[PDB]
Amino acid sequence: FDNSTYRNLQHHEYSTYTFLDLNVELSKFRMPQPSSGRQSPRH
Amino acid sequence: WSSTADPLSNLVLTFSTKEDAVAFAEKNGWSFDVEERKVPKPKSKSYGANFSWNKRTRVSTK
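As you go down the protein sequences, you meet chains K and L in turn.
At position 38 of the first sequence (counting the first as 1) the number is 105 in PDB author numbering, and the numbers step up by one without a gap.
At position 22 of the second sequence (counting the first as 1) the number is 135 in PDB author numbering, and the numbers step up by one without a gap.
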């Protein structure tokens, strides 16, 4: 154990698409979305 | 300029009720046409309806 170093260095390796790649990866973990019964409020 | 020959072109009378105007016209010998008062009907306003979950009343902009 030690309080010497810094444990948040990983965000040094983040690119322009990292957030959306993570969203794509999590896409398969979700549950089916609820539906309002329309395709759009203008349908 | 704009010229007229009738002396009643500017005559407008104010009355509290329709019956008063009808009585005045009748006693003065004028034949008249009466139009019923038009009143806007009460309306149902809902600010929340601007953000409906499944209705068409949800607004796309504010």
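Just so you know, not all the hints are guaranteed correct.
[Claimed, not checked] Derived Cβ-Cβ restraints for the label pairs, each shown as a range:
id, chain 1, residue 1, chain 2, residue 2, range
1, K, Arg-105, L, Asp-133, 26 to 34 Å
2, L, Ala-136, K, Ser-107, 54 to 62 Å
3, K, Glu-92, L, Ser-165, 29 to 37 Å
[To be verified] Straight-line Cα separation of at most 25 Å, SDA-like style, residue types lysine to any residue; simulated pairs:
id, chain 1, residue 1, chain 2, residue 2
4, K, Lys-95, K, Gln-106
5, L, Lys-156, K, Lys-95
6, L, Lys-168, K, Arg-109
7, L, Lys-156, K, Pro-99
8, L, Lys-158, K, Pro-101
9, L, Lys-168, K, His-110
10, L, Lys-140, K, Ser-103
11, L, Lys-175, K, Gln-106
12, L, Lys-131, K, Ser-107
13, L, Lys-168, K, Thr-83
14, L, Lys-168, K, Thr-85
15, L, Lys-158, K, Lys-95
16, L, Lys-151, L, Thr-130
17, L, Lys-175, K, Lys-95
18, L, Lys-175, K, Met-98
19, L, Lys-175, K, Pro-108
20, L, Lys-140, L, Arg-150
21, L, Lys-168, K, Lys-95
22, L, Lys-168, K, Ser-102
No lab work stands behind these hints: they were computed from the structure.
Positions of the beta carbon are idealized from the N, C-alpha and C atoms, including for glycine.
Consistency of the hints with the structure:
1. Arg-105/K with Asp-133/L: 26 to 34 Å: Violated: the Cβ-Cβ distance is about 55 Å, outside 26 to 34 Å.
2. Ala-136/L with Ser-107/K: 54 to 62 Å: holds (60 Å)
3. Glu-92/K with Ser-165/L: 29 to 37 Å: holds (34 Å)
4. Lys-95/K with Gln-106/K: holds (22 Å)
5. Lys-156/L with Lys-95/K: violated (48 Å)
6. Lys-168/L with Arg-109/K: Given pair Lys-168/L, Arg-109/K holds - Cα atoms ~9 Å apart, limit 25 Å.
7. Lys-156/L with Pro-99/K: violated (39 Å)
8. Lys-158/L with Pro-101/K: violated (28 Å)
9. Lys-168/L with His-110/K: Given pair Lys-168/L, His-110/K holds - Cα atoms ~10 Å apart, limit 25 Å.
10. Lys-140/L with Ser-103/K: violated (66 Å)
11. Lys-175/L with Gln-106/K: holds (21 Å)
12. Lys-131/L with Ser-107/K: violated (51 Å)
13. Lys-168/L with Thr-83/K: Not OK: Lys-168/L and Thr-83/K at ~38 Å, beyond 25 Å, violated.
14. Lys-168/L with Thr-85/K: Given that 25 Å is the threshold and the Cα spacing comes to 37 Å, the pair is violated.
15. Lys-158/L with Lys-95/K: Violated, at about 43 Å.
16. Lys-151/L with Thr-130/L: Holds, at about 14 Å.
17. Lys-175/L with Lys-95/K: The given pair, whose Cα atoms are some 35 Å apart, is violated under the 25 Å limit.
18. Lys-175/L with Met-98/K: Answer violated: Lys-175/L to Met-98/K is near 32 Å, above 25 Å.
19. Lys-175/L with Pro-108/K: holds (15 Å)
20. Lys-140/L with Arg-150/L: holds (23 Å)
21. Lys-168/L with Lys-95/K: violated (30 Å)
22. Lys-168/L with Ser-102/K: holds (12 Å)
In this structure, the earlier hints numbered 1, 5, 7, 8, 10, 12, 13, 14, 15, 17, 18 and 21 are contradicted, and the remaining ones agree with it.
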